[PDB]
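Undergrad: Chain by chain, the residues:
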Amino acid sequence: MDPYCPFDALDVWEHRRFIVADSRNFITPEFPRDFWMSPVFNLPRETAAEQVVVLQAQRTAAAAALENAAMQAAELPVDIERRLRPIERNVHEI
Amino acid sequence: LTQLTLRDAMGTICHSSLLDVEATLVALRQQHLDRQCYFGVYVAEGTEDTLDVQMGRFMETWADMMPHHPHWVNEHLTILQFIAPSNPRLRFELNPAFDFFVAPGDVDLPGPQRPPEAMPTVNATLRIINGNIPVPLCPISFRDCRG
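Protein chains in written order, with PDB author numbering: chain l, 1 to 94; chain E, 466 to 612.
Heads up, a few of these hints could be off.
As the list claims (entries may be wrong) - Sample of chain l residues lacking proximity to chain E, with all beta carbon distances greater than 10 Å (derived):
(1) 1
(2) 24
(3) 27
(4) 31
(5) 49
(6) 74
(7) 76
(8) 88
Stated by the list, open to error - Distance ranges between label pairs, derived from CB positions:
(9) 579(E) / 55(l): 24 to 32 Å
(10) 512(E) / 76(l): 35 to 43 Å
(11) 519(E) / 48(l): 22 to 30 Å
Calculated from the structure, these hints are not laboratory results. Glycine residues also receive a C-beta, built at the ideal position from the N, C-alpha and C atoms.
For reference, chain E alone in the conformation it holds in the complex:
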């Protein structure tokens, strides 16, 4: 018999076609993107204010509640609910490295504070991450393991 222990994938995925944004998303342009809005993505620059009634004008426009908070903040079950969805985590979940939120106006991030309603473009930014890798099938032997 023969070994294959520990030596090579480095002629190999320093690779180019993964940062990938022209033609793939291209080939699926033109719909209407499924139920999803901000949760929050826009940005801004100060607030011409000072820290406490910070309290007062930042939660009371977080004033009146939507009707199902829907597709990103799950947290507690076991495993093969990765595997039959009651529940969302997969059409904002298929591979991370290109993974491509809804996206209002690239928002001219950052400015002031007060609200309109949501237009995006198309996509790029690199979750260089792969190791709690996306996800929902997991237990606690194999990385308190890497320790």
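In isolation and in its complexed conformation, chain l is listed as follows:
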């Protein structure tokens, strides 16, 4: 698991003034690596398909209530013509 590197180590001392050819070192933490713990990404069990099932069941349940309300409100036009026509005839009797 060691990355390949031909060269071991080299040395020409670090005078703060004489910095030339500005490269950048690999910045590392001071803590032992063992707690830089492992990669884990876990799925939500509710799947893109499962939410489809749940929301479709909800849509189909709501459609029944919408149809119930429509059929409750679809009888009012029958009520108007069932209630007012006899009243119009009674007025006509005069």
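Let chain l serve as the given structure and place chain E on it in line with the hints.
TA: Then chain E, alone, in the frame of chain l:
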């Protein structure tokens, strides 16, 4: 002689430049923040599980122990250890009202459970607190006192 007992600081610190986050932290951007990581700050949303082997997968990734637990959970000595540090409580301690943790990814708090390693931004959130005020120099006469 003359009185000065009990009346005024209310034209006064309802004040604006304390919530303060643009330019101060700004003026000290660019380093590398001293030895400090999570203790824990990220967040999440459920766990698609049910309460007991809760036991089993939440402490056994709290499995293998670091090498010095370092800068927030002290609790027992007397006073002027506020005053010569063996011990940390001051570079996460200088004034509370802006006081500005290390801080991984604002974490898109909250989601699921399992781990990467730590990047923050810069800072804001208001410890509106000032009265066990930050701290480490104290005794028990002056607030079993306020009682």
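Undergrad: 35 to 43 Å was suggested as the range; check whether the CB atoms of residue 512(E) and residue 76(l) agree with it.
TA: Between residue 512(E) and residue 76(l), where Cβ atoms are some 51 Å apart, the hint is violated.
Undergrad: Taking the shortest Cβ-to-Cβ distance between residue 1(l) and chain E, state whether it exceeds 10 Å.
TA: Consistent with the label, residue 1(l) stays out of reach of chain E, its closest Cβ about 18 Å off (over 10 Å).
Undergrad: CB of residue 579(E) to CB of residue 55(l), is that within 24 to 32 Å?
TA: 27 Å, holds
Undergrad: Over 10 Å from every CB of chain E: does residue 49(l) meet that, or does the non-interface label fail?
TA: 15 Å, holds
Undergrad: Over 10 Å to the closest beta carbon of chain E is the bar; see if residue 24(l) clears it.
TA: Since the minimum Cβ distance to chain E is about 13 Å, residue 24(l) lies beyond 10 Å and the statement holds.
Undergrad: For residue 27(l), is the shortest CB-to-CB distance to chain E above 10 Å, so the non-interface label stands?
TA: Violated: least Cβ distance 7 Å, not greater than 10 Å.
Undergrad: Examine each Cβ of chain E, and state whether all of them lie more than 10 Å from the Cβ of residue 76(l).
TA: Correct as stated: the minimum Cβ-Cβ distance to chain E is 47 Å, above 10 Å.
Undergrad: Please test the hint of 22 to 30 Å on the beta carbon pair from residue 519(E) and residue 48(l).
TA: Distance hint for residue 519(E), residue 48(l) holds at roughly 27 Å.
Undergrad: Is residue 31(l) truly not at the interface, in the sense that its beta carbon sits beyond 10 Å from all beta carbons of chain E?
TA: Residue 31(l) not clear of chain E: closest Cβ-Cβ about 7 Å, inside 10 Å.
Undergrad: Quick check for students: does the CB of residue 74(l) sit more than 10 Å from each CB in chain E?
TA: 44 Å, holds
Undergrad: Beyond 10 Å from chain E, beta-carbon-wise, is residue 88(l)?
TA: Consistent with the label, residue 88(l) stays out of reach of chain E, its closest Cβ about 65 Å off (over 10 Å).
When held up to the earlier numbered hints, the structure conflicts with 3, 4, 10 and fits the remainder.
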